[PDB]
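So you can see what is in the structure, the chains are spelled out below.
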Amino acid sequence: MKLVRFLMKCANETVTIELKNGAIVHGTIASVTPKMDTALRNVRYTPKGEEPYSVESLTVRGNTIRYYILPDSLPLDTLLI
Amino acid sequence: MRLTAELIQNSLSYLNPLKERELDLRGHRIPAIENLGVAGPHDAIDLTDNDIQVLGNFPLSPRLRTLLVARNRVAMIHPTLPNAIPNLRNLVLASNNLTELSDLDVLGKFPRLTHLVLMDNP
Amino acid sequence: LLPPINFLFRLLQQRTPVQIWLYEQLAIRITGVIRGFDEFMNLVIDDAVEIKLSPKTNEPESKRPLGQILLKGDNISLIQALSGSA
Amino acid sequence: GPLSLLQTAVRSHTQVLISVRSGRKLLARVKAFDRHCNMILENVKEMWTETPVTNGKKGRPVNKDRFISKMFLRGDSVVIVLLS
Amino acid sequence: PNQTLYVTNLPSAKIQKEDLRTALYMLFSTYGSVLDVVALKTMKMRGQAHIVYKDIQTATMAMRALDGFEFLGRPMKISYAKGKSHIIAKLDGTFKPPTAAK
Amino acid sequence: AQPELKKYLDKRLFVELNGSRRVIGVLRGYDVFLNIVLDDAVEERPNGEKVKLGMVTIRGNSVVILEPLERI
Amino acid sequence: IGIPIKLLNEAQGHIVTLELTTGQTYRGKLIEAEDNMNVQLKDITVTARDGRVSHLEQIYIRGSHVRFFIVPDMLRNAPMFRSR
Amino acid sequence: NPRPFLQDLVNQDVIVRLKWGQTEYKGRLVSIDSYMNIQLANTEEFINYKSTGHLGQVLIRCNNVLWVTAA
Amino acid sequence: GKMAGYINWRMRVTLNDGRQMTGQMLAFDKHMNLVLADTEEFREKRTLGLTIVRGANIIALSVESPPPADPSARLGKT
RNA sequence: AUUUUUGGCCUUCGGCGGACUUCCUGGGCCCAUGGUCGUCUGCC
Numbered sequence: 001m002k003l004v005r006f007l008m009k010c011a012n013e014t015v016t017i018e019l020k021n022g023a024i025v026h027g028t029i030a031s032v033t034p035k036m037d038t039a040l041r042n043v044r045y046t047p048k049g050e051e052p053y054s055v056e057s058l059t060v061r062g063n064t065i066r067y068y069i070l071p072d073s074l075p076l077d078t079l080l081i
Numbered sequence: 001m002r003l004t005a006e007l008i009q010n011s012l013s014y015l016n017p018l019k020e021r022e023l024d025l026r027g028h029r030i031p032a033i034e035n036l037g038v039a040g041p042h043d044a045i046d047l048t049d050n051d052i053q054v055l056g057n058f059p060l061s062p063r064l065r066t067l068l069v070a071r072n073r074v075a076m077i078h079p080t081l082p083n084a085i086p087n088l089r090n091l092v093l094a095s096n097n098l099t100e101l102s103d104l105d106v107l108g109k110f111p112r113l114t115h116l117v118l119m120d121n122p
Numbered sequence: 013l014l015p016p017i018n019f020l021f022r023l024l025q026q027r028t029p030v031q032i033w034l035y036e037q038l039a040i041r042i043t044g045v046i047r048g049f050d051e052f053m054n055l056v057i058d059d060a061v062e063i064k065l066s067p068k069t070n071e072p073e074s075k076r077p078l079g080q081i082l083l084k085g086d087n088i089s090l091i092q093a094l095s096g097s098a
Numbered sequence: 026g027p028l029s030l031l032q033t034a035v036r037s038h039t040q041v042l043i044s045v046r047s048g049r050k051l052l053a054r055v056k057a058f059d060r061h062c063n064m065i066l067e068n069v070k071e072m073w074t075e076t077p078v079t080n081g082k083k084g085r086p087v088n089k090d091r092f093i094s095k096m097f098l099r100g101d102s103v104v105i106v107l108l109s
Numbered sequence: 020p021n022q023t024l025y026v027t028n029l030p031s032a033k034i035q036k037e038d039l040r041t042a043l044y045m046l047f048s049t050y051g052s053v054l055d056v057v058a059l060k061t062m063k064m065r066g067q068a069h070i071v072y073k074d075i076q077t078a079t080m081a082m083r084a085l086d087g088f089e090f091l092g093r094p095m096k097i098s099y100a101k102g103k104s105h106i107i108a109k110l111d112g113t114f115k116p117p118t119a120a121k
Numbered sequence: 004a005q006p007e008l009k010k011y012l013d014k015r016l017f018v019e020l021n022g023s024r025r026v027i028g029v030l031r032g033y034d035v036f037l038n039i040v041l042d043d044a045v046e047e048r049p050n051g052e053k054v055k056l057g058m059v060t061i062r063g064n065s066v067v068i069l070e071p072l073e074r075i
Numbered sequence: 005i006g007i008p009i010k011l012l013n014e015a016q017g018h019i020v021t022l023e024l025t026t027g028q029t030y031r032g033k034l035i036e037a038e039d040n041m042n043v044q045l046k047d048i049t050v051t052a053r054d055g056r057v058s059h060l061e062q063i064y065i066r067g068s069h070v071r072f073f074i075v076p077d078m079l080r081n082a083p084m085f086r087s088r
Numbered sequence: 009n010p011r012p013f014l015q016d017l018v019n020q021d022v023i024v025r026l027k028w029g030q031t032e033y034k035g036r037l038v039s040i041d042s043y044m045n046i047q048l049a050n051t052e053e054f055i056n057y058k059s060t061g062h063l064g065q066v067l068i069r070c071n072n073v074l075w076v077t078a079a
Numbered sequence: 009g010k011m012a013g014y015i016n017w018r019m020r021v022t023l024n025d026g027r028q029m030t031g032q033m034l035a036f037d038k039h040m041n042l043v044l045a046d047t048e049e050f051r072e073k074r075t076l077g078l079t080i081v082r083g084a085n086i087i088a089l090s091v092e093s094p095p096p097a098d099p100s101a102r103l104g105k106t
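For the protein sequence lines, the chains are d, h, a, c, i, g, f, b and e, in the order given.
Heads up: the first sequence begins at 1 in the entry's author numbering, then just goes up one per residue.
Heads up: the second sequence begins at 1 in the entry's author numbering, then just goes up one per residue.
Heads up: the third sequence begins at 13 in the entry's author numbering, then just goes up one per residue.
Heads up: the fourth sequence begins at 26 in the entry's author numbering, then just goes up one per residue.
Heads up: the fifth sequence begins at 20 in the entry's author numbering, then just goes up one per residue.
Heads up: the sixth sequence begins at 4 in the entry's author numbering, then just goes up one per residue.
Heads up: the seventh sequence begins at 5 in the entry's author numbering, then just goes up one per residue.
Heads up: the eighth sequence begins at 9 in the entry's author numbering, then just goes up one per residue.
Numbered according to the entry's author numbering, the ninth sequence spans residues 9 to 51, 72 to 106.
Check each hint, because a few of them may be wrong.
[Stated by the list, open to error] Coverage of chain d stretches by chain e, computed from C-beta distances (three or more under 8 Å per stretch; other residues unrestricted):
no. : segment
1   : 5-15
2   : 66-77
[What the hints assert, rightly or not] In silico SDA-like pairs for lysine to any residue, Cα to Cα no more than 25 Å straight-line:
no. : chain 1 : residue 1 : chain 2 : residue 2
3   : b       : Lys27     : a       : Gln31
4   : d       : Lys20     : c       : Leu107
5   : f       : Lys46     : i       : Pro116
6   : g       : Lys53     : g       : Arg15
7   : d       : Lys2      : b       : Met44
8   : b       : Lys34     : a       : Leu78
9   : f       : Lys10     : f       : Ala52
10  : i       : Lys96     : i       : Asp86
11  : i       : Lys36     : h       : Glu100
12  : e       : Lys105    : i       : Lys96
13  : c       : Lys56     : d       : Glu50
Please keep in mind that the hints were generated in silico from the structure rather than gathered at the bench.
Every residue gets a Cβ at the ideal spot worked out from N, C-alpha and C, and that includes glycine.
With these hints in hand, go ahead and build the complete structure from the sequences.
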């Protein structure tokens, strides 16, 4: 399938994204762009060796994002179907 | 008037002449420092032409560097002000009532304070 | 005006010795004769030898032949042609 | 090709190891794949090697492991793939 | 009568330009509302600075309050600026850059 | 868009490249991907020693800075 | 094209500054700029990360190794930013 | 031609050397793609000119593959 | 949609090098090109004014506050 | 598939070369007699 289509189908859910600079951003996604530029709502971001912070809206680039973890109760099979 | 969230939002946020973000609440006659979280992060604070009597009750603002509480009625400095603003570099309190040796000792014990303005004071 | 593609084609036709210092590594070189090329500057050199130079005086420390080695265009950085002594 | 191998692994639902260039290993069964080498997997075991430093001296390596319910790996972060 | 004033005879023998600009900005903020302060380390800018306030009346009041004020052991001579301030023109939106390529 | 290397053609230029390398030579040509080939190239490290290599080419990604040492 | 490309084209041929990915920061008279971030400048001064401030009568820069640019306030507040 | 070289080295004993750690992987490469992605079977990885061990089915992308040769 | 809604507003962007640029972002381009005015770079804090950030170095961005009040809004009628 | 979006990265710094600038030296931005400054490579 398509990764962008899968992200759009699995959007509006609480996910945690690990960015390759050692960052961890946890929150519910508000919008997912076709270029993996996901905008999240009520996000908490903690960098590597830095104190965590909370932001209402934040955008993370797909190239800068290394990995993503969605909720365990999300219907992955229904989203990929 | 009282320092409220609407007054903090209507305070003039612009760029200072020293190339820094400055929030000024002049002409509001704030009796005390309040709604610091509503004001948010500001590098310079300008509470000139106000009626602030206590120099304190500020939130955790490490980004604050410049403070100008001149032309006010501040007579004492709270001990939590240096903890709330440990990175403050410029402090101006001209034409105020701050003339205490304890206030001078607190200003000296402030670690990042480099510029001090205390003219026209007892 | 000699383009880089024309220069690479002329070097491949002449089969002259070429040493290519790799990208992000000033002490790694590949010495040989260019036999093939692509649009992404993928140079395949026959009888190639990988040379690891010393970090102090930039002298040749280790040399190891590998035969036909295909070097990536992003991997290869600085290619210089050396004229043989006839 | 690699896309056919990823599709076969996703169809077989067999555990595979993805080596990420930041020194990471991810053992997980293949569930989804993309054209840009981006994969979605379930029940992922993440392993890494850490070298603590005590009093300015390098210590012995330690293997750290963690479990994730659902994970997504990008093709840029993924360096190597091994099918088991 | 203008919102910009020129301060001359300033101490610039060994005082740092950034420190002098910060001190002038702090003094202007204590005296009133200040929009911009410019002080370079050129030959004509040695000891000469330009202070543009928020209003012409505020600038005149600040000049009257700090006329002949001693700054770092040296009095500063305050005079009316012969030209408009660039920051004031940028704030007003009618700024016209010069056509000369100097 | 091809690079504007026509003014730097047939001129002595020094190219600063990553790894602190200075390649000084007469520019012979250029491509659309900023790939410059220089004749009579001399490579110099930070120590200041210059070693001649002959005719060399620099890739577009490998080339960082270019500066003509003569009038242009 | 792009709004940043148009802004760079408008800011070309003036006193500007550039910061590169290698750490060297230059300031000077930028002359020619391209839509593919190809900048040609004359009369610039470039300072390295640890000292090493020199001059440059001619400099060619590409956006692959360039990090950021600093342009004039007139170019920032030019009429191209007006609402449609 | 790199494409003809990869076609000739398909299902052949090839060694791919990475750009980090001086690591090499030698084995029977079988599957190749247009994005320079190489899948090999019964591959063995070696580090610093010393064998590290056999892995098996190994897929290497062009982002991690630096050089390729035929054994 | 989201980029158009959050354009010309107070945003803070953290790059791959860790430097954070905060200010009124005014222009956005789909190659992750952000053109902002009165930018402040924190690594030590400095002011740069007009700045352009490319996606080759930009890592993440967030909306720190809404759009600021205009000079006419500040000096409005009485 | 080289200049944005599918990363040429993983990732310590001491004996220490070379900086950079901060304030607090002395003299007339200039020169010596400065001292500090904590982020950079670096040298063995």
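Hint check:
no. : hint               : verdict
1   : 5-15               : violated (count 0)
2   : 66-77              : violated (count 0)
3   : b:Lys27 - a:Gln31  : holds (18 Å)
4   : d:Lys20 - c:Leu107 : holds (22 Å)
5   : f:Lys46 - i:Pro116 : holds (22 Å)
6   : g:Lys53 - g:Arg15  : holds (15 Å)
7   : d:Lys2 - b:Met44   : holds (21 Å)
8   : b:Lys34 - a:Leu78  : holds (13 Å)
9   : f:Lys10 - f:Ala52  : violated (29 Å)
10  : i:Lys96 - i:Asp86  : holds (7 Å)
11  : i:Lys36 - h:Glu100 : violated (32 Å)
12  : e:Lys105 - i:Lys96 : violated (37 Å)
13  : c:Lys56 - d:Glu50  : violated (34 Å)
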